[PDB]
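Student: So the chains spell out like this:
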Amino acid sequence: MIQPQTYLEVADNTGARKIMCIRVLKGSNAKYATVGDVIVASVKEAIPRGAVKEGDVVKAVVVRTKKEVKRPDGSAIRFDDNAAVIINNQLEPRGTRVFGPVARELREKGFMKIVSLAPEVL
Amino acid sequence: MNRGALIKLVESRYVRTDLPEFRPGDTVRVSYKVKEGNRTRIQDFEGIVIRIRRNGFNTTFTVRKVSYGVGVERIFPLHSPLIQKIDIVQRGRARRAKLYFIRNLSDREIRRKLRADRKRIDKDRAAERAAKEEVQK
Amino acid sequence: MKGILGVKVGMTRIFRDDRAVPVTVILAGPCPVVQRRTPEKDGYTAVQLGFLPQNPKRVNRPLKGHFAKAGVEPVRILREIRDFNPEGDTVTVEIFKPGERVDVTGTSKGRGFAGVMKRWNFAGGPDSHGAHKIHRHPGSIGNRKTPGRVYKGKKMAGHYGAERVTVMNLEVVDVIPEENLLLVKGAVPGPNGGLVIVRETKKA
Amino acid sequence: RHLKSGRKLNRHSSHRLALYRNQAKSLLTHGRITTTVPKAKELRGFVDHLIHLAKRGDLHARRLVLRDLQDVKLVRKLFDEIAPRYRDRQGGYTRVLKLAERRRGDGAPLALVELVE
Amino acid sequence: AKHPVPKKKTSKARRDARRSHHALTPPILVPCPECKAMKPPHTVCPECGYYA
RNA sequence: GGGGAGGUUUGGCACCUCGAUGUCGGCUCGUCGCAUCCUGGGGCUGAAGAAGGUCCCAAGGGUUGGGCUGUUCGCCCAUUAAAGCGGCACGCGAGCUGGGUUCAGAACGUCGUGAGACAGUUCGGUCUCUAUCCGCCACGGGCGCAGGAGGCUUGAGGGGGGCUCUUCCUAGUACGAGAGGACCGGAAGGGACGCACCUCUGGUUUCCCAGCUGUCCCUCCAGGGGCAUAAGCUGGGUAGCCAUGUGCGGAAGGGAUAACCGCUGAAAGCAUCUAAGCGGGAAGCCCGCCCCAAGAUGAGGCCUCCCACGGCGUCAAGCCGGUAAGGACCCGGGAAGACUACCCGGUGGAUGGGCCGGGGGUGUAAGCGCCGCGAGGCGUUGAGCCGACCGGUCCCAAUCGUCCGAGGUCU
RNA sequence: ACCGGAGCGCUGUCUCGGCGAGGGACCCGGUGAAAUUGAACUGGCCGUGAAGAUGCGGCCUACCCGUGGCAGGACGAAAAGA
RNA sequence: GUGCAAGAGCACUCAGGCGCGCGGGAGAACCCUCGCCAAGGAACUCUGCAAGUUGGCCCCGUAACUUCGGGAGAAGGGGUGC
RNA sequence: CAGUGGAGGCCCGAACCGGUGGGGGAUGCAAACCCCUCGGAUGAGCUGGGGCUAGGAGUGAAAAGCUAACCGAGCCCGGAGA
RNA sequence: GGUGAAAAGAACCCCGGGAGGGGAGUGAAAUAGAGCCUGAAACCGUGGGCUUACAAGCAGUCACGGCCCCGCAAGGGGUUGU
Ligand SMILES: [Mg+2]
Ligand SMILES: [Mg+2]
Ligand SMILES: [Mg+2]
Ligand SMILES: [Mg+2]
Ligand SMILES: [Mg+2]
Ligand SMILES: [Mg+2]
Ligand SMILES: [Mg+2]
Ligand SMILES: [Mg+2]
Ligand SMILES: [Mg+2]
Ligand SMILES: [Mg+2]
Ligand SMILES: [Mg+2]
Ligand SMILES: [Mg+2]
Ligand SMILES: [Mg+2]
Ligand SMILES: [Mg+2]
Ligand SMILES: [Mg+2]
Ligand SMILES: [Mg+2]
Ligand SMILES: [Mg+2]
Ligand SMILES: [Mg+2]
Ligand SMILES: [Mg+2]
Ligand SMILES: [Mg+2]
Ligand SMILES: [Mg+2]
Ligand SMILES: [Mg+2]
Ligand SMILES: [Mg+2]
Ligand SMILES: [Mg+2]
Ligand SMILES: [Mg+2]
Ligand SMILES: [Mg+2]
Ligand SMILES: [Mg+2]
Ligand SMILES: [Mg+2]
Ligand SMILES: [Mg+2]
Ligand SMILES: [Mg+2]
Ligand SMILES: [Mg+2]
Ligand SMILES: [Mg+2]
Ligand SMILES: [Mg+2]
Ligand SMILES: [Mg+2]
Ligand SMILES: [Mg+2]
Ligand SMILES: [Mg+2]
Ligand SMILES: [Mg+2]
Ligand SMILES: [Mg+2]
Ligand SMILES: [Mg+2]
Ligand SMILES: [Mg+2]
Ligand SMILES: [Mg+2]
Ligand SMILES: [Mg+2]
Ligand SMILES: [Mg+2]
Ligand SMILES: [Mg+2]
Ligand SMILES: [Mg+2]
Ligand SMILES: [Mg+2]
Ligand SMILES: [Mg+2]
Ligand SMILES: [Mg+2]
Ligand SMILES: [Mg+2]
Ligand SMILES: [Mg+2]
Ligand SMILES: [Mg+2]
Ligand SMILES: [Mg+2]
Ligand SMILES: [Mg+2]
Ligand SMILES: [Mg+2]
Ligand SMILES: [Mg+2]
Ligand SMILES: [Mg+2]
Ligand SMILES: [Mg+2]
Ligand SMILES: [Mg+2]
Ligand SMILES: [Mg+2]
Ligand SMILES: [Mg+2]
Ligand SMILES: [Mg+2]
Ligand SMILES: [Mg+2]
Ligand SMILES: [Mg+2]
Ligand SMILES: [Mg+2]
Ligand SMILES: [Mg+2]
Ligand SMILES: [Mg+2]
Ligand SMILES: [Mg+2]
Ligand SMILES: [Mg+2]
Ligand SMILES: [Mg+2]
Ligand SMILES: [Mg+2]
Ligand SMILES: [Mg+2]
Ligand SMILES: [Mg+2]
Ligand SMILES: [Mg+2]
Ligand SMILES: [Mg+2]
Ligand SMILES: [Mg+2]
Ligand SMILES: [Mg+2]
Ligand SMILES: [Mg+2]
Ligand SMILES: [Mg+2]
Ligand SMILES: [Mg+2]
Ligand SMILES: [Mg+2]
Ligand SMILES: [Mg+2]
Ligand SMILES: [Mg+2]
Ligand SMILES: [Mg+2]
Ligand SMILES: [Mg+2]
Ligand SMILES: [Mg+2]
Ligand SMILES: [Mg+2]
Ligand SMILES: [Mg+2]
Ligand SMILES: [Mg+2]
Ligand SMILES: [Mg+2]
Ligand SMILES: [Mg+2]
Ligand SMILES: [Mg+2]
Ligand SMILES: [Mg+2]
Ligand SMILES: [Mg+2]
Ligand SMILES: [Mg+2]
Ligand SMILES: [Mg+2]
Ligand SMILES: [Mg+2]
Ligand SMILES: [Mg+2]
Ligand SMILES: [Mg+2]
Ligand SMILES: [Mg+2]
Ligand SMILES: [Mg+2]
Ligand SMILES: [Mg+2]
Ligand SMILES: [Mg+2]
Ligand SMILES: [Mg+2]
Ligand SMILES: [Mg+2]
Ligand SMILES: [Mg+2]
Ligand SMILES: [Mg+2]
Ligand SMILES: [Mg+2]
Ligand SMILES: [Mg+2]
Ligand SMILES: [Mg+2]
Ligand SMILES: [Mg+2]
Ligand SMILES: [Mg+2]
Ligand SMILES: [Mg+2]
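Chains as they are written, first to last, in the entry's author numbering: chain BK, 1 to 122; chain BP, 1 to 137; chain BD, 1 to 204; chain BN, 2 to 118; chain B2, 2 to 53.
If you're looking for bench data, these hints aren't it; they were derived computationally from the structure.
A virtual CB, placed ideally from N, CA and C, is assigned to each residue, including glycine.
Treat each hint with caution, since some may be false.
As a list, the in silico BS3-like pairs of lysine-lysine whose alpha-carbon atoms are at most 30 Å apart [as the list claims (entries may be wrong)]:
id, chain 1, residue 1, chain 2, residue 2
1, BD, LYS118, BD, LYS41
2, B2, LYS8, BD, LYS152
3, BK, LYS66, BP, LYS123
DEER-style ranges, computed between Cβ atoms [what the hints assert, rightly or not]:
id, chain 1, residue 1, chain 2, residue 2, range
4, BK, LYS67, BD, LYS145, 45 to 55 Å
5, BD, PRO53, BP, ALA5, 14 to 24 Å
6, BP, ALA5, BD, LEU52, 16 to 26 Å
7, BD, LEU52, BN, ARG88, 38 to 48 Å
8, BK, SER28, BD, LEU52, 46 to 56 Å
9, BK, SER42, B2, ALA2, 49 to 59 Å
10, BP, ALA127, BD, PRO56, 57 to 67 Å
Put together the whole structure using the sequences plus the hints.
Tutor: What follows is the structure in structure tokens.
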């Protein structure tokens with residue numbers, strides 16, 4: 001469960017290293033955001049001269065979480081960090097070639113782009 | 001009625017018996033039924049089993065591996081119509097039932113900690129390659 | 001207006017097509033109709049199913065003169081299932097086809113004298129900065145001189161749970177006519193071994 | 002509440018256990034013991050396991066029972082005299098019946114624990 | 002001595018009334034098989050002992 | 001320029017309260033008003049559509065999280081369907097708080113010769129275990145309910161609930177030059193909230209299992225105990241209780257209406273929704289769903305079981321007794337429980353305790369053998385130990401017994 | 001151990017609460033206080049009244065007695081308002 | 001006395017001395033003292049108040065600034081048993 | 001420069017002295033206590049015993065603090081039935 | 001502060017560990033029996049009469065009625081239903 005003051009590892013190469021959540025973009029007050037959820041964030045650290053700067057308020061999408069996701073098939077998946085990929089306002093990934101796994105949830109949500117670049121969809 | 005539980009147990013015909021015994025603390029490849037776009041591949045998953053969680057039916061287990069520098073654990077229903085077959089693939093001296101402790105070691109020290117269960121290896125390659133012949137003739 | 005008595009036996013989940021389903025299992029033994037209530041004799045219509053098999057010994061009551069008056073091996077309990085008149089002499093799981101939606105009634109587990117925090121999901125005080133003796137307290141309960149009283153219904157702590165709880169509209173999954181089982185969507189009141197009653201819902 | 006569980010206790014655990022333990026040592030040493038009903042109804046099923054445990058013989062079980070009673074000699078007696086008598090009997094190695102007198106000026110109810118015979 | 006206090010001396014009536022559930026009920030006694038003695042049921046009772 | 005309503009502002013007055021009515025802000029818990037922020041219904045529009053504007057109707061529900069300040073307020077960030085305003089002693093300190101303000105300490109600006117002073121700043125600064133009544137939440141005891149008793153129920157009357165978005169099909173159709181983009185009808189997925197629930201996931205699980213340090217003991221080795229919390233520490237954990245987990249809910253529908261839209265139609269040859277009459281029309285009203293409920297003293301109904309008098313009072317009400325159905329005691333207990341109550345069982349018995357089996361947890365006990373100088377390792381071994389769960393089995397214990405309970409008034 | 005601002009670490013401070021331990025609370029036996037107290041047979045609303053009513057008016061509701069609980073009222077207690 | 005780098009510290013323990021002059025049950029809310037907690041990790045709040053993290057010794061290493069003593073236990077690390 | 005040396009209102013830390021923050025207590029164990037935390041700890045140190053200073057007076061690293069449990073002028077008796 | 005005229009201060013038996021009582025006895029009187037004359041009130045109790053569990057209260061008053069009691073009745077007393 002990602003939430004407001006939470007830090008996310010940056011999964012693409014937008015030249016951001018970390019954003020902390022800021023708001024989760026479910027309903028008018030969702031308590032948490034999970035895999036496949038787009039949140040507003042703040043870049044807290046960012047590689048020298050990337051596309052994205054420290055302090056840029058951005059949209060991104062939770063590709064990996066530390067709290068296990070249940071699948072209707074009765075199984076579950078969990079990753080050793082929380083991670084998102086910064087995406088466009090129209091919703092396309094701002095970077096290219098994202099890395100580290102990803103949840104199939106991403107697919108069913110309309111994020112094929114990222115999963116295509118995803119080196120391994122779990 | 002004094003059955004009570006026996007009745008829950010009747011509710012179970014869903015029992016599968018094909019998948020092998022595997023102790024925690026030794027790697028397994030589980031071939032899982034996956035919904036891709038709208039088809040059904042069999043994604044594999046090959047890690048150390050970290051936690052079997054006995055409850056008869058709906059007993060379950062988890063396996064943990066590092067997919068691309070990122071760790072992953074998957075929780076599996078031991079009798080899931082979605083497991084194709086679970087290939088055992090290495091027997092290890094666990095020394096302790098639930099072993100999440102391995103989460104903060106993840107490296108070579110794991111290896112120095114999870115030696116090979118020489119006993120149970122001997123058992124398998126034996127009564128396996130040894131029951132191969134009992135099938136023939 | 002189907003209906004049958006049962007006991008929350010337990011629950012587990014089972015797999016349908018290709019996804020897990022959380023199911024609770026009700027055993028709904030063959031309920032012997034034991035009286036019927038007409039619009040003429042009773043003024044309303046319904047039907048009195050019995051349930052558990054009783055020792056003809058402990059039935060020493062004037063109860064014998066009921067079972068007897070309808071020739072029914074004495075049961076343990078018997079409730080009416082309003083507005084539903086069957087046939088034969090007993091109702092069985094067979095009233096329920098898998099996929100029919102039911103309302104199960106039950107008796108919530110009993111939490112005794114309950115905290116306002118547990119009984120109403122009240123906020124209660126701050127674990128930290130301020131005082132320390134109002135940690136789990138309801139806090140204010142009123143105004144001043146006006147009204148100068150507390151409202152009835154005010155949420156306050158005390159005996160909560162162990163009450164009649166109907167959870168509407170669960171889906172019947174495979175009903176085991178054999179061993180008298182009735183499979184459902186899990187969310188059904190009371191502990192295992194409790195009497196419960198299942199019925200047709202209100203979807204339309 | 003949450004009592005939905007099972008098995009009682011007054012005193013705290015370090016102490017509660019020691020209680021049981023001493024109450025056994027006495028029972029085995031004295032065959033009969035007077036004590037409050039609860040205290041007793043509880044101690045009841047504690048000895049049974051130690052009796053039934055002595056019905057076995059291996060030093061594992063000797064050593065095991067040695068854990069709760071700490072006196073060699075009394076366990077000697079447990080295995081040597083007490084256990085025999087209880088062969089062919091399965092469970093119930095012990096009895097308690099409530100006495101009709103209350104303790105005075107604390108008004109506790111009393112009762113009797115007995116190496117069954 | 003502090004914060005909440007009784008606003009009026011409760012009256013002889015009101016007092017005695019609260020007291021209405023105060024009366025005790027006599028013990029439960031039964032004769033024993035052995036003596037003509039009187040016992041609380043399910044007890045043992047001295048000067049009478051017991052069998053088995 | 002004029003007339004009002006409200007009683008949330010700033011005031012005026014000085015009426016209760018100076019043998020005391022604790023002040024701002026917050027928290028907690030709210031509940032009311034509507035002059036409505038959202039959602040529902042509508043009229044006009046300088047309304048093509050989409051989006052809006054203004055007014056009308058409508059409290060049913062909802063009305064986010066942060067930055068700054070003691071702040072309220074306000075600005076700002078990110079959202080939203082919307083981030084409504086007021087009342088309740090500017091609701092709530094015998095509910096919390098005590099940052100603000102107005103005790104004593106100290107300092108700055110400042111005024112004063114001075115002591116000191118300042119809706120000027122600044123740092124510090126004791127917030128009182130026990131509820132009598134009313135009120136409220138829950139729970140019993142009594143009696144009542146014109147015979148007594150067991151079981152099942154009617155529902156007068158109350159209470160709970162009531163939110164809302166997004167994407168898709170319709171359809172890229174109506175409208176439009178284009179950009180844009182609908183009504184209506186249908187589908188799917190969410191947010192928050194509510195009620196249940198433990199299968200799953202995830203907690204705890206105070207002795208269920210393991211390991212480890214120091215020490216002191218049993219018994220020298222082995223093995224084990226105490227203590228290091230009220231678990232010494234650590235790793236892990238069943239049932240139970242739980243949310244982060246699972247299910248379900250908001251309806252549908254019927255009815256009557258609001259604004260409003262109309263049919264027919266006078267008065268008033270026409271015209272008009274109205275005066276007679278009628279139809280449509282709201283997330284709102286009444287129903288419906290859920291829960292409580294016959295102290296509904298207006299004490300309801302059904303099914304069933306027990307049933308005359310044995311002695312005084314001259315008609316009359318009663319009084320005393322052993323009984324009936326049946327009930328109570330006492331006991332073994334319980335996902336029932338503060339007590340009580342409720343429910344099950346009480347030898348014709350599985351209710352508890354043991355014992356057994358399973359489930360489950362721990363993860364290979366001890367002892368012996370074997371390899372190694374040794375710490376250890378390996379085998380016997382998934383061993384040993386093993387709460388609570390699902391069962392079984394009369395080994396122990398629910399022994400035996402006591403008490404109460406009608407004889408049913410009058411036209 | 002001064003007062004202000006910021007960051008890292010860490011956290012039940014918070015989202016948002018849950019379980020558990022014990023000492024109380026509860027129940028039984030012994031002992032047994034206190035402030036307070038005009039007397040009390042002490043309900044809701046809308047009025048009204050010295051302008052904030054259990055005690056006036058009107059209407060509504062309400063069988064008798066307690067036990068565990070909560071703090072809105074008794075302009076509750078306390079201190080002849082600082 | 002033993003152990004811990006040392007000690008009058010800490011844990012356990014000799015000698016010696018005590019279990020604190022109301023008990024018994026139960027296993028509700030609530031209060032106190034204490035333990036743990038998924039994801040998050042100051043969003044709490046007047047304020048990280050409170051809790052937590054850190055912690056001994058040994059070695060490596062250590063900045064602005066400085067009144068040349070300091071700042072230093074800066075910081076950050078590695079080792080620790082048998 | 002190395003050695004030796006062993007200074008200091010030096011450092012860490014018990015006794016001892018003290019009271020920083022929080023919680024608890026608030027008809028208390030207690031008319032100032034308890035717990036956790038914290039400050040000093042060779043000095044302007046703590047401390048036993050013997051002495052001297054007092055009411056417009058003493059004493060005061062100064063708070064109008066202390067001067068026998070309320071000190072912007074002690075307690076007692078008196079003027080006094082101000 | 002107070003037995004009584006006088007101690008005649010209660011032998012003796014009985015229940016009880018005692019205390020205290022019950023008889024016996026003394027005295028004019030012992031509810032004059034030993035902090036004992038008289039022994040009021042608040043206050044606690046036991047027995048009896050009337051009364052009360054659909055009812056709203058400064059507790060009374062006015063009326064009628066029922067019950068109980070004193071008197072032959074006319075009357076009065078107690079209680080309280082409306
Ligand atoms: Mg690939
Ligand atoms: Mg790929
Ligand atoms: Mg490639
Ligand atoms: Mg398990
Ligand atoms: Mg029964
Ligand atoms: Mg809280
Ligand atoms: Mg405080
Ligand atoms: Mg307080
Ligand atoms: Mg009022
Ligand atoms: Mg049990
Ligand atoms: Mg009286
Ligand atoms: Mg103002
Ligand atoms: Mg005037
Ligand atoms: Mg006053
Ligand atoms: Mg006051
Ligand atoms: Mg006051
Ligand atoms: Mg004020
Ligand atoms: Mg409009
Ligand atoms: Mg428009
Ligand atoms: Mg439009
Ligand atoms: Mg209107
Ligand atoms: Mg309006
Ligand atoms: Mg309203
Ligand atoms: Mg509102
Ligand atoms: Mg509401
Ligand atoms: Mg703020
Ligand atoms: Mg402002
Ligand atoms: Mg409001
Ligand atoms: Mg206010
Ligand atoms: Mg108040
Ligand atoms: Mg306040
Ligand atoms: Mg302040
Ligand atoms: Mg403060
Ligand atoms: Mg301040
Ligand atoms: Mg100030
Ligand atoms: Mg000041
Ligand atoms: Mg001024
Ligand atoms: Mg200040
Ligand atoms: Mg300070
Ligand atoms: Mg306060
Ligand atoms: Mg405070
Ligand atoms: Mg208290
Ligand atoms: Mg409502
Ligand atoms: Mg509705
Ligand atoms: Mg299309
Ligand atoms: Mg276009
Ligand atoms: Mg679970
Ligand atoms: Mg765990
Ligand atoms: Mg568990
Ligand atoms: Mg153990
Ligand atoms: Mg040894
Ligand atoms: Mg050995
Ligand atoms: Mg010992
Ligand atoms: Mg010891
Ligand atoms: Mg543990
Ligand atoms: Mg939830
Ligand atoms: Mg015409
Ligand atoms: Mg016309
Ligand atoms: Mg009525
Ligand atoms: Mg007869
Ligand atoms: Mg007859
Ligand atoms: Mg009989
Ligand atoms: Mg009978
Ligand atoms: Mg009974
Ligand atoms: Mg029987
Ligand atoms: Mg039998
Ligand atoms: Mg059994
Ligand atoms: Mg082995
Ligand atoms: Mg071995
Ligand atoms: Mg071994
Ligand atoms: Mg040998
Ligand atoms: Mg095992
Ligand atoms: Mg075994
Ligand atoms: Mg047998
Ligand atoms: Mg049998
Ligand atoms: Mg009788
Ligand atoms: Mg004054
Ligand atoms: Mg004591
Ligand atoms: Mg841990
Ligand atoms: Mg946590
Ligand atoms: Mg964690
Ligand atoms: Mg965590
Ligand atoms: Mg928040
Ligand atoms: Mg601030
Ligand atoms: Mg702190
Ligand atoms: Mg640590
Ligand atoms: Mg520094
Ligand atoms: Mg060592
Ligand atoms: Mg030195
Ligand atoms: Mg120094
Ligand atoms: Mg220092
Ligand atoms: Mg000293
Ligand atoms: Mg000082
Ligand atoms: Mg201070
Ligand atoms: Mg307090
Ligand atoms: Mg000196
Ligand atoms: Mg003077
Ligand atoms: Mg004096
Ligand atoms: Mg004079
Ligand atoms: Mg004499
Ligand atoms: Mg005498
Ligand atoms: Mg004689
Ligand atoms: Mg004696
Ligand atoms: Mg005497
Ligand atoms: Mg006389
Ligand atoms: Mg007299
Ligand atoms: Mg005397
Ligand atoms: Mg006397
Ligand atoms: Mg008298
Ligand atoms: Mg009389
Ligand atoms: Mg009456
Ligand atoms: Mg009379």
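Student: If a hint holds in the structure, say so; if it does not, say that too.
Tutor: Hint check:
no.	hint	verdict
1	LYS118 (chain BD) <-> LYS41 (chain BD)	46 Å, violated
2	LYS8 (chain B2) <-> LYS152 (chain BD)	25 Å, holds
3	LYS66 (chain BK) <-> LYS123 (chain BP)	38 Å, violated
4	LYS67 (chain BK) <-> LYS145 (chain BD): 45 to 55 Å	51 Å, holds
5	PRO53 (chain BD) <-> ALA5 (chain BP): 14 to 24 Å	20 Å, holds
6	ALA5 (chain BP) <-> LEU52 (chain BD): 16 to 26 Å	18 Å, holds
7	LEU52 (chain BD) <-> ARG88 (chain BN): 38 to 48 Å	41 Å, holds
8	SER28 (chain BK) <-> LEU52 (chain BD): 46 to 56 Å	51 Å, holds
9	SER42 (chain BK) <-> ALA2 (chain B2): 49 to 59 Å	58 Å, holds
10	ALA127 (chain BP) <-> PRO56 (chain BD): 57 to 67 Å	58 Å, holds
In summary, the structure is inconsistent with hints 1 and 3 from the numbered list given earlier, while agreeing with the others.
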